[PDB]
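**Q** Take a look at the letters that make up each chain.
Number of protein chains: 2
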Amino acid sequence: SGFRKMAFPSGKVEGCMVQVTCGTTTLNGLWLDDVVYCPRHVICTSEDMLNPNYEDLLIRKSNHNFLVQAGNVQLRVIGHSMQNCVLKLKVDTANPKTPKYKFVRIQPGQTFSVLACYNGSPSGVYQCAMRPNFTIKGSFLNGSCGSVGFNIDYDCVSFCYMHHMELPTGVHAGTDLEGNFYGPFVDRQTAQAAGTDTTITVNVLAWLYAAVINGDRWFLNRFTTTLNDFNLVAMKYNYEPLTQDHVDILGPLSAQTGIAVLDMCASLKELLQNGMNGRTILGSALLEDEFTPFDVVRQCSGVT
Amino acid sequence: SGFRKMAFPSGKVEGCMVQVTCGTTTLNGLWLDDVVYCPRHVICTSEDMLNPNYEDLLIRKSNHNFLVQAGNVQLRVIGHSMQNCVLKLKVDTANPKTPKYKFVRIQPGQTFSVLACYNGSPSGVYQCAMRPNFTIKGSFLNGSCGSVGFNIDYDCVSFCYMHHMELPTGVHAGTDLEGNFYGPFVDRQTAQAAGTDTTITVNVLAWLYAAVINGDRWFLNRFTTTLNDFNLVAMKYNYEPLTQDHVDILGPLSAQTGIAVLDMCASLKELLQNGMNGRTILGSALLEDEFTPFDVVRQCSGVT
Ligand SMILES: COc1ccccc1OCCNC(=O)c1cc(=O)[nH]c2cccc(F)c12
Ligand SMILES: COc1ccccc1OCCNC(=O)c1cc(=O)[nH]c2cccc(F)c12
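Residue numbers (the deposited numbering), protein chains in the order written: chain A, 1 to 304; chain A', 1 to 304. A prime marks a further copy of an entry chain.
There could be a bad hint or two in this list.
Same chains, same names: a pair is fine if it fits in one copy or spans any two.
Below, in silico cross-link-like pairs of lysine to any residue (SDA-like), each with a Cα-Cα straight-line distance of 25 Å or less [to be verified]:
id	residue 1	residue 2
1	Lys97	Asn72
2	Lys137	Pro168
3	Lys137	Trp218
4	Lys102	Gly15
5	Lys137	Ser1
6	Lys90	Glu14
7	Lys137	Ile213
8	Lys137	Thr257
The set of hints was computed from the structure by calculation and includes no laboratory data.
When you get a sec, could you build the whole thing from the sequences and use the hints?
**A** Written as C-alpha cells, this is what we have:
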C-alpha cells in the first residue's frame with residue numbers, strides 16, 4: 001500500500017543524454033541510433049531569442065559547429081537538419097545504449113516522467129502531466145532545454161516531450177520528438193498566453209479510486225449523480241467535462257473497488273462543493289489530477 | 001523555476017537489481033561487486049513469518065537454494081551469510097554495472113530516492129523522507145522487498161535503505177545495507193508501534209525558502225520570532241524543535257533570499273496557527289516536509 005507520484009526508472013533515458021553546444025549556447029540532446037535530437041534554439045544568441053529567423057541562423061551553421069559530447073567522448077556530426085522546432089544531428093556512431101523506442105505525441109491529461117538534465121548530465125526524475133492547456137508544471141533551470149519526457153512499456157521507451165522553454169508565467173512549454181510544440185507556443189522570447197487550464201477530471205477520479213484501494217475512504221458518501229449533473233459542477237469548478245469514454249477507462253477501477261463511477265463522481269461533487277474540511281487524501285490536501293487511471297492500476301498492481 | 005518532488009536518476013541502481021528466490025519466496029536483491037544483498041526474510045514461509053527463528057531457518061539452506069537471477073542470467077552462489085536482517089550472497093561474478101558506492105545510515109528527516117522493484121525489475125522511482133519515527137511512507141506491494149533507497153553525489157551512489165515490510169498501519173519499515181532496522185522494528189509479522197511522528201521543521205522551512213525562490217510569496221509576513229517562541233508553537237503542532245544546527249543549515253537559503261531564518265520561522269508560525277486559508281504553496285495545500293535544505297539548493301541550482 002501507499003501512493004506516490006512515481007516516475008518511470010530513468011536508466012534507458014540516461015544512456016541517451018548528450019550535451020550539444022553551438023557557438024556559446026549549451027543544452028541537452030537525445031542520442032538514439034545515429035541521430036541526436038535537440039531544441040533548434042541551440043543555434044540562437046541573446047539578440048536572436050526575441051524573434052529568431054531559424055532558417056537564416058541555421059544556414060550560417062555547419063556540421064562542425066555542433067559540438068556533441070556523450071559523457072566525455074565527442075561525437076562526429078555528419079549531417080544536420082531542422083524538423084519543425086528540433087534539430088536532428090546525424091552522427092557517425094549509433095548510440096550503443098539506444099533502448100527500444102517510439103516517438104509518440106501524448107494527449108492533454110496524460111502523464112509522463114521527465115529526466116531533467118544539465119550539460120548532458122541527468123540531475124533528477126519526476127512525474128508530471130501534460131496540462132489540458134498544453135503546458136507542463138515542471139522544474140527546470142537554465143540549461144535544462146532538451147531534457148525529455150517519456151513513458152516506458154516493459155522494454156520500450158515512448159518519448160513524448162522535449163523541453164524548450166519557460167513562459168514568463170513560470171510554466172513550461174515544449175515539443176513532441178518531431179519538434180511540434182504542444183499548444184500554441186512558439187520558440188521565441190515573447191509573452192505567450194497559455195489559456196485557461198482545467199483540472200483533469202478523469203485523473204482526479206482515478207486518484208480517488210487509488211485512495212479507496214489504499215484505505216482513505218472518509219470522502220465516500222451515500223450519494224450518486226448523473227454525467228449531466230456532475231458536469232454542471234465540473235463547469236463551475238473548472239474541471240474537464242466527464243465523458244462516457246472517461247467512464248469506460250475508469251471501468252477496471254470501478255470493478256476493483258465495487259464503487260460505480262457515478263457514485264465516485266458524487267463523492268467528487270461533494271468534495272468540490274464542500275472542500276476537504278482540513279482533512280487529507282493520500283497525504284494531499286487538494287484534489288490530485290496528475291495520475292491517470294492507467295497509472296493508478298500500474299502502481300496498485302506492480303507493473304515492471 | 002518550478003518545484004517538484006524529484007528523485008535521483010535511477011540508472012546506476014537499476015543495473016544492480018536482481019531477483020532472489022528461496023524456496024517459494026521471490027524478492028529483490030542488490031548486486032554490488034560479487035555480493036548480493038537481500039532481506040533475510042526471503043528464507044521464511046508463511047507459518048514462519050509470525051515468529052521466525054532466522055538462525056535455524058538459514059541452517060537448512062545451502063548456497064544452491066538461493067536462486068539469483070540478473071535479468072535472464074543466473075548467478076552462481078558461492079557463499080551465504082546473515083548480517084543483522086540482511087543476507088549476503090557471495091556470487092562468482094562481480095556485477096559489471098557496479099557503480100561507485102557507499103553504504104550509509106541516514107538520519108531521521110533526511111531524504112532519499114526509492115527504486116521500487118518486483119521480481120528484480122524496476123517499476124518506478126520516487127523521492128521520500130525517513131520520518132522522525134523511522135518509518136517511510138512509501139508505495140510498495142507484495143514482492144517489493146529488497147527494493148532500495150539511495151542518494152547520488154555525482155558518480156557515487158550512497159545506499160541508505162533496503163525495504164523489508166509494511167506495518168499493519170500501511171507505513172514502511174526497513175534497514176540500512178548492514179541489515180540494521182531504522183527504528184524499533186523487527187522482521188516479524190506482528191503489531192509494531194511506530195511511535196509519534198512529527199513534522200520535519202527544518203525541511204518545511206527549506207521548502208518555504210524554495211517557495212520564495214520560485215515566486216510563491218503570499219505567506220511572508222511583517223513578523224519575526226525567537227527559537228524559544230517558535231518551538232512553543234512547534235511543540236503544540238507536533239513539529240520537531242528547531243535548533244541552531246537547523247538554523248545554520250538554512251544559512252545558504254537565508255543568504256540567497258535575504259530572509260532571516262527567524263523571520264521565515266514567523267511565517268511558519270502564522271501558517272501553523274492560521275492554516276493556508278484555502279491557498280496553496282508550490283502546488284500544495286499543506287506544509288511539505290520531504291525536502292531538505294540540501295535538496296532545495298540542489299533543485300534550485302541544477303546539480304547533476
Ligand atoms: C524565454 O526563453 C526562451 C524562449 C524561447 C526559446 C528558448 C528560450 O530559452 C532558452 C534557454 N532557456 C532555459 O535554459 C530555461 C529553461 C527553463 O525551463 N527554465 C529556465 C529558468 C531560468 C533561466 C532559464 F534560462 C531557463
Ligand atoms: C507483514 O509482512 C512482513 C513482516 C515481517 C517481514 C516481512 C514481511 O513481509 C514479507 C513480504 N512483504 C511484502 O511483499 C509486502 C511489502 C510491502 O511493503 N507491502 C505489501 C503490500 C501487500 C502485500 C505485501 F506482501 C507487501
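**Q** Reference check for the pair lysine 102 and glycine 15, CA-CA at most 25 Å: within, between, both, or neither?
**A** both (16 Å within a copy, 23 Å between copies)
**Q** Between the shortest in-copy and the shortest cross-copy C-alpha distance, which are at most 25 Å for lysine 137 and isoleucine 213: within, between, both, or neither?
**A** Between copies only: 16 Å across, 27 Å inside.
**Q** At 25 Å max between alpha carbons, let me know whether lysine 137 reaches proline 168 within a copy, between copies, both or neither.
**A** Within. Shortest intra-copy distance 13 Å satisfies the 25 Å Cα cut-off; inter-copy 36 Å does not.
**Q** Give the relationship of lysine 137 and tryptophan 218 under a CA distance limit of 25 Å: within one copy only, between copies only, both, or neither.
**A** Between. Shortest inter-copy distance 19 Å satisfies the 25 Å Cα cut-off; intra-copy 29 Å does not.
**Q** 25 Å Cα cut-off: does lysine 137 pair with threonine 257 within a copy, between copies, both or neither?
**A** The answer is between: 23 Å across copies meets 25 Å, while 31 Å in one copy does not.
**Q** Give the relationship of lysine 97 and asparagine 72 under a CA distance limit of 25 Å: within one copy only, between copies only, both, or neither.
**A** Answer is both: 15 Å inside a copy and 18 Å across each meet the 25 Å cutoff.
**Q** Between copies, within a copy, both or neither: which fits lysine 90 and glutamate 14 at Cα up to 25 Å?
**A** within (20 Å within a copy, 29 Å between copies)
**Q** Which holds for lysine 137 with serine 1 at a C-alpha limit of 25 Å: within a copy, between copies, both or neither?
**A** between (27 Å within a copy, 9 Å between copies)
Comparing the model with each earlier hint shows no violations; every hint is respected.
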